[PDB]
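Trainee: What follows is the residue order along each chain.
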Amino acid sequence: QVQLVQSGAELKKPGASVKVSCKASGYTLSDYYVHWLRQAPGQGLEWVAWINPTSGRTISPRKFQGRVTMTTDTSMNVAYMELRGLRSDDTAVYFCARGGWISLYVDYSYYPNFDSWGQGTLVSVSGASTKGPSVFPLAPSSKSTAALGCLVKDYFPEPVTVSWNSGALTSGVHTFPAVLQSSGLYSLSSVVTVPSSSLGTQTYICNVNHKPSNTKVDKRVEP
Amino acid sequence: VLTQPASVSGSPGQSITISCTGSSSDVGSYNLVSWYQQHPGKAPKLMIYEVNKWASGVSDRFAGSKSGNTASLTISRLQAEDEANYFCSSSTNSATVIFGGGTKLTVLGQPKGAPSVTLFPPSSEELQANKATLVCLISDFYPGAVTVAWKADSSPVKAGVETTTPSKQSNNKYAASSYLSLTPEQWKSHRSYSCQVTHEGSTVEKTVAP
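Residue numbers (the authors' numbering), protein chains in the order written: chain H, 1 to 144, 149 to 227; chain L, 3 to 212.
Extracted from the complex, chain H is given alone in its bound form:
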């Protein structure tokens, strides 16, 4: 029953602030140290702070000593982390974790005993502004069942939703998670495998939809 639930993924321009929350249930947040670590995608863990929710006392490494502001709202069993001056190296999953029991007579603050984790909160950094996608057909191999698809290139922000033949084709459809490019934009692709003899007779269309720029693209794919 001890559970920590973090706020949803976020996105900030470089030079901007982010704030992440961490809701506790199954226990009283202020009875235990809260630790914050972080994990850049495909990188390792970096411990970033501990905070005593009763006193407000908070130690961070020299690295995070002026950028970070930990706070709590124990009325809500919520912990907060605020990180200033974001840059692309600030891009990672931020984890909160529950550490030792808080007591004046025994110090467990710096104990790395994290017996409970949040699921993590992805923060992305990008100087990118809304942008509609460019949709290109992915022609079936001409050799090839047959794989065909759609490339949904250089859009912002998420999500692009995708269907095929207005939903009349679902079997063998695989729409891939978007990659977050260094340019700051997203691309994704959606691929479907179809019987080879269906080419030339069955038309195929991917229905790309990007609400954030109010665009809809129904792209015809062909050999």
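Do not take every clue at face value.
Here are the in silico distance ranges between beta carbons for each label pair [claimed, not checked]:
hint	chain 1	residue 1	chain 2	residue 2	range
1	L	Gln16	H	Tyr27	37 to 45 Å
2	H	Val2	L	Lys55	30 to 38 Å
3	L	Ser126	H	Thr71	53 to 61 Å
4	L	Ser126	H	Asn218	25 to 33 Å
5	L	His41	H	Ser142	21 to 29 Å
Hints are computed from structural coordinates only; laboratory data are not their basis. For every residue, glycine included, the Cβ atom is placed at its ideal position computed from N, Cα and C.
Starting from the known structure of chain H, arrange chain L on it as the hints suggest.
Mentor: What follows is chain L alone, placed relative to chain H:
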């Protein structure tokens, strides 16, 4: 950062030792070493705490020791659901926590779940619009760890590459994708480009040409 071996590889039954090297101001000066286990999508999980003590729900497979400034996690009667990451951590004397760089482990007692790879060349409509994107779609692989390499002809290519981290497919296997950005002139002026996905020592390579 505490120093770990970037990678260790093993086999069932037999044992593995993972190392952690710090300083007298952390690992040497306390019995506060903790070993964390983490799998591709999940959050880290506590195995060993305070050097050697067992966390709830952890086998004696895992044991913890310390030699002056070196922490070690010995693992015995090996299984296969490891296949992922081991991070070490120690209190410091500045009242902080320091983590090791992460032993990325690669056990072998499971079969696999080899990746289906699909490589698409730039579309005519894209080249026509003076860009080019090679798309490499990688699916159905388990365990969710992959390295992706691109080559133009026979030689490696590292610029213009964006590659996702592996994320769970709806089958309890994994997917990822990798994009190669090219100038239409680059694309035209090569025998071929290739996407090569490396999984568990094994490699799959898909190749396209203009």
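Trainee: Each hint should be assessed against the structure and marked as holding or not.
Mentor: Evaluated hints:
Distance hint check for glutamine 16 of chain L and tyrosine 27 of chain H: the Cβ-Cβ separation is about 40 Å, which falls inside the suggested range of 37 to 45 Å. Checked against the hint of 30 to 38 Å, the pair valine 2 of chain H and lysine 55 of chain L fails, with Cβ atoms roughly 19 Å apart. Between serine 126 of chain L and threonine 71 of chain H the CB atoms are about 55 Å apart, so this pair conforms to the stated range of 53 to 61 Å. Between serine 126 of chain L and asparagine 218 of chain H, the C-beta spacing of about 28 Å keeps the proposed range 25 to 33 Å intact.
At about 40 Å, the CB distance of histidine 41 of chain L to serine 142 of chain H disagrees with the hint of 21 to 29 Å.
Checked against the numbered hints given earlier, this structure breaks hints 2, 5; the rest are met.
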